[PDB]
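Down below is the structure, laid out as structure tokens.
Only one protein chain is missing from this complex, and each of the others stays in its spot.
Going by the order they are written in, the chains are A, B and C; count residues from 1 in each one.
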Amino acid sequence: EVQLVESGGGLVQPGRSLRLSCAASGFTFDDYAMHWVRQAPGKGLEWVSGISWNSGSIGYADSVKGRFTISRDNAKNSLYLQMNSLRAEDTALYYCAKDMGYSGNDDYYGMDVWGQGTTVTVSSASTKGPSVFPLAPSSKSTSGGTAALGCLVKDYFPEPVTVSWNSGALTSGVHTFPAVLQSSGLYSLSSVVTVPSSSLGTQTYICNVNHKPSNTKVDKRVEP
Amino acid sequence: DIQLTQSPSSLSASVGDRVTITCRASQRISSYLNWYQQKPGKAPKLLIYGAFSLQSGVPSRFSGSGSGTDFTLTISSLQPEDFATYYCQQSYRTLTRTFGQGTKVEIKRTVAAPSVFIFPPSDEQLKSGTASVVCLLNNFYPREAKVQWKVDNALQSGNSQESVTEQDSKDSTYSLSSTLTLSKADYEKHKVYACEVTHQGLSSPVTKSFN
Amino acid sequence: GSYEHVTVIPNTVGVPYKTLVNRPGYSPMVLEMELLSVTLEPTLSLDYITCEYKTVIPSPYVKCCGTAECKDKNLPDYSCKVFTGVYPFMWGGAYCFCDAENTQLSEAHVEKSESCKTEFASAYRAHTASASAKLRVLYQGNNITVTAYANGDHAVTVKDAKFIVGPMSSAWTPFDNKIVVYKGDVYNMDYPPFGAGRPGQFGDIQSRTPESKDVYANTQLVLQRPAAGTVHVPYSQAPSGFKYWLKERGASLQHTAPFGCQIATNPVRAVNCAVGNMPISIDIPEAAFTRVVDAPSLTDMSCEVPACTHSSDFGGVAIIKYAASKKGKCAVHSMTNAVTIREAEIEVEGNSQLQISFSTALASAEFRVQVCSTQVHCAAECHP
Partner (left out) sequence: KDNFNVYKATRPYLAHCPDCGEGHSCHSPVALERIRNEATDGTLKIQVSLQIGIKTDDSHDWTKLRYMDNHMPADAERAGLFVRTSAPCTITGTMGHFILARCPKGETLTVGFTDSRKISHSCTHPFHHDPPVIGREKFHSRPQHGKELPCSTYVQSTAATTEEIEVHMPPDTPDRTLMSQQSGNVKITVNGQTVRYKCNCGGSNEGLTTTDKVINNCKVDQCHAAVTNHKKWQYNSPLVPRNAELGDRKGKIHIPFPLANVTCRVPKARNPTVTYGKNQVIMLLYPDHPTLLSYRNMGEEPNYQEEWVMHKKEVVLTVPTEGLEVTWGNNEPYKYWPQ
């Protein structure tokens, strides 16, 4: 029954503030110190801030020390983090965690309970939808090496793009890559599938790109 | 000012094998080190606190230890469920906890060469004023593939990005996609494009190209 | 139809009384009644239970060259203290290498002991005690049991006779407004109210119920500094108030109560003491009444006393001879208050004699007894 539930988060422009919160249940809230930990995509865990029981002591990471404020409400059984003047570098998945002591000065303990972090994104970009640029197989030279075909999903801002083939009918041999942030501030990802070269002349392959945040769906046919 | 350092990157091992992860501070922080385990899409789980003490629900397979200033995490026998990224932590006896960079445990497999496919820019993209050349590497086992882009037989860098998938759940292999970003105006100034792939599963570097 | 007869009996036990019933138009009859048991039961409302307290002390936290923080906990009579400049030792040597800023955090709290489920005393408020009594009634040779509450507004019917008992002439009880019950003993004590007890005294640790998690305690528990490197948690605490009380209980009400009240617990009650008196009213049905002319005739009657002595017992022996031509029963009653008759009625058949014991303070004893429809005079010469 012991759990932590993160809330808040979302997309903001640089220089704007965002407030995060964490609800606690299954344990006594004011008996333990609590911390915020953030994990940027492709990166390890970084401690952001923390607060002792009864708010007796507060600490911050040097990178956020003059920008972030941490507080807790022991009546609401919740932890809060107020982030001001957010920078692009502050983009990360933010977790709340419960310590095993009440003071933060005990070095014997770690954090036994972690919640489900909420994503915070900081960027000077609009919620632009993806463009799909189909990648035809080089069937003229790879016919004896098995055919590889795919689609490039480019120039979209929001993270959660879903890509599938033949409306989910084709899952075998499908490789969907992690999106990579471009210098433009927009994401780009590719999706490819490996198929028998003999199938290219009889089977039509469709790349189905579903972008929830922009209510946009693109069905692109891939052919030599 | 003081950072924790773990093993350089990742450890490849089979199920039933033994894994040791070492974590050290550049300067002494505390008498104890915590260990965490994280799987993709999941929150970190505490395995060890107080250097030696296992958390409830954690199997005897995990054991804390150390030598000199260097603390270790040992898995006596890997299970299929023990493949995760492990982190080490110290507190400085204050709220400012610090973490190591993270050590990933990968599934052991035999070495297989990548299948390399090159995808020229589509007509739709070129008409958009931009171009993208994609070099696809399928089903290779060593994660550290080396891919370079060449234009008109000249080496280029700083104008491309790479994305690598997680280890496959059935074949235990990786897939890599390298994308070269060019403007339409510059794309048309060149006659040949090529992807140079160097890999441990290859007897020699393989180059694929198009005009 | 019925006749209501009223008598008053002293609130004693084991002493028989003769009730004379004489409804106009009917022959007088004697009813034999005895009070066998008197019980008074207070209504009890538990305020709290007192028991031995258990002092619980966890391992002391020793922080080498650093300051330990104290937390405020909600445990009963919780005590916490942080001591600095401590250099604790274990069997194999000093606990800390760095002694520049050693700090020890000591904690203690008070819990209910295991014995609080076995060895405890209940503090009750006692009020509005209910009085009841058990009467033995003998009518026409038939011994019946009558039980009723002695309030004056309660009655029971036995053999078609309604017995109204009370009100009692006194509402006095051996139990005070505040009592404490321990096992089989009850004490009258002005115990302290919940939430405001005193250390070393009864009620130092209190709970509303044996299973309650809400526990009050005041033991004046103070943590003391460690003895120069010794690892321990020394403290000053008041002696258990329950243990103190148990030794200082003194005599229980079973031995100290007035009027000879017997005291028992589970339920708490006072039994068979001489407190005031108990009025009794009996509804006697018309079927229970007969005329003098309806009685059988007795003849050839006489009385003699072969011997009489002066003693606390009934050392005198009076024998009344009678003859009857028909079998039947006759009522018997003394015509004087100097000498009573143990038999309310007699059975008469053929030719026989009945023996009645008696006592007197006078050397010359004379009395008359009415038997059935006639009277017989008795006399005796009594000696030391």
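Quick note on the criterion: contacts are C-beta pairs under 8 Å (C-beta built on N, C-alpha and C of every residue); 3 or more make two chains touch, one makes a residue touch a chain.
The residue from C:57, C:138 or C:305 that touches the chain not shown here is C:57. Touching the missing chain, out of C:230, C:352 or C:374, is residue C:230. Within the set B:35, B:36, B:62 or B:71, the residue that contacts the chain not displayed is B:71.
Contact residues of chain C toward the unshown chain are 52, 57-62, 68-69, 88-98, 105, 113-115, 117-119, 183-184, 230-233, 246, 251, 255-260, 273-274, 312.
Interface residues of chain B with the unshown chain, by the touch rule above, are 28, 31, 50-53, 64-71. The set of chain A residues touching the chain not shown comprises 100-103, 106, 108-109.
In this section, only the chains that are shown with their structure count from here on.
Averaging C-alpha coordinates per chain places the centre of chain A 79 Å away from that of chain C.
Chain geometry summary: the mean Cα position of chain B and that of chain C are 86 Å apart. We define each chain's centre as the mean of its Cα atoms; on that basis chain A and chain B are separated by 17 Å. In chain C, the positions touching at least two other chains are 66.
Residues of chain A in contact with at least two other chains: 105.
Chain B meets chain A in the complex at residues 29-32, 34-36, 38, 43-46, 48-50, 55, 85, 87, 89-102, 115, 117-119, 121-122, 124-125, 128, 132, 134, 136, 138, 161-165, 175, 177, 179, 181, 210.
Note for the complex: chain C touches chain A at residues 66-67, 69, 71.
By the touch criterion stated above, chain A contacts chain B in their complex at residues 33, 35, 37, 44-47, 49-52, 57-61, 95, 97, 100, 104-112, 114-117, 131, 133-138, 142, 145-146, 148, 150, 152, 154, 175-180, 182, 188-190, 192, 194.
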